[PDB]
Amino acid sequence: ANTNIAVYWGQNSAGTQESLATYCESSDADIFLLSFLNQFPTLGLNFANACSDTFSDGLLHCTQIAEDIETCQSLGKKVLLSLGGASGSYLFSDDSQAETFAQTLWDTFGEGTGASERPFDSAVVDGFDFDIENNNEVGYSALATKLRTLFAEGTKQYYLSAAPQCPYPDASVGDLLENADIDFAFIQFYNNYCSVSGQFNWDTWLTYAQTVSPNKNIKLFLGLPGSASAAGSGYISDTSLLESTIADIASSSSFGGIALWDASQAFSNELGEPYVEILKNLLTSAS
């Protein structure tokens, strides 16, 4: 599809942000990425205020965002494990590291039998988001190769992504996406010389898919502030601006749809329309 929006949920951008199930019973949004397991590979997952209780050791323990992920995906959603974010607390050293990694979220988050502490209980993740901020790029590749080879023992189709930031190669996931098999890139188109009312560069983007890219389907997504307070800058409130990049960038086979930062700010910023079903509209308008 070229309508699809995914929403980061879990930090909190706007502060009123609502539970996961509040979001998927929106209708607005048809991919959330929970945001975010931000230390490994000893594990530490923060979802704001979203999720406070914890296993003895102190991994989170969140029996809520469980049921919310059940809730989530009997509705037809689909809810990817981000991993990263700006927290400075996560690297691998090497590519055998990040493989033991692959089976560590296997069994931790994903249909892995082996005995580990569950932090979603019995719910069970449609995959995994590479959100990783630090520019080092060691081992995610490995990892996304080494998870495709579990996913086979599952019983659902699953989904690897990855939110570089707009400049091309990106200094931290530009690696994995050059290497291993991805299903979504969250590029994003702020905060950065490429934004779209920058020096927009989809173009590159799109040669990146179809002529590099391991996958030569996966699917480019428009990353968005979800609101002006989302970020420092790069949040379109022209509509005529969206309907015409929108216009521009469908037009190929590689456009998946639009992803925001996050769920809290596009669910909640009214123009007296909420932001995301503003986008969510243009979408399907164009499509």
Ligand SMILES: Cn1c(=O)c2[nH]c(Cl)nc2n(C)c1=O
The other form holds:
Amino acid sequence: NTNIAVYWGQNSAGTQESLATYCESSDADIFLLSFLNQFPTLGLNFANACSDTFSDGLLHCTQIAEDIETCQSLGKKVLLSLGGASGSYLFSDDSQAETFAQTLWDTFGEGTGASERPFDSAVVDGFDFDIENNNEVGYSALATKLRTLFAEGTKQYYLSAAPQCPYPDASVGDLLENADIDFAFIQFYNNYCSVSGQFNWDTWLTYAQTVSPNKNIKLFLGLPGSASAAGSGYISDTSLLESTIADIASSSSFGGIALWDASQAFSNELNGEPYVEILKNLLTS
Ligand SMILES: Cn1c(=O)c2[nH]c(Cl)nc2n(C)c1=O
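Form solved without the ligand done; form solved in complex with the ligand now:
Then the entire complex follows, led off by the chain already shown.
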């Protein structure tokens, strides 16, 4: 199809509402929980949306857990996003990351090993790799091991990556080249290759067609939800938005639009219509 993905958790706009609030919009389909910012030693950060912890200090988030389940009843997909700009994360090798697949499965997925579960009995629909530290070690091996474990589950799981538009990406390039990935939420902002810059969708399309181990990987046009969601690359021209979408929706590789982040895209108005709503509507046509 064509979906809207939104990051949620880091409260970019200040006025961030509950996960479920955004799920109860018609406006977004995929929700990326931002972030598991610390690993292999587990650490979550959802700005103001979760502050309770287990005794060991790992976040414990009952409201998000309830909201994951509400979101899923409404047909939405909820992935846990790893990493972030800033944060505290690194794999020393493939074996370490393979161990970590099991940790994720037992902590967030349908794994049976009795670890502390930040989301109680709520189960994510998969993981986003928003690696922004320019270290690529382990992610490919982690994704591949996760896939083997997913077969033990009772639903489809998704893996995504959040590269910036320069190709190849210095953090998730290896992941994208050597693992089976469902969605690429490519950040077309803070970079020369934005829509208004030297837009390089064509390179990503070559990647999807010839390089991606998953040939029906879906590429997403990743955008700021407001001017001031990022330093640069935000698009307020609905004609440019229209022509862009028309250019890129031609192929089976086009998945939709990704936005940083829900707080921003839902509160940013273009004459009283939320930005996320404008974009959802541009996609449907
Ligand atoms: C802090 N930060 C992120 O962690 C992030 N991930 C993605 Cl995909 N976009 C962004 N932006 C724009 C950020 O500012």
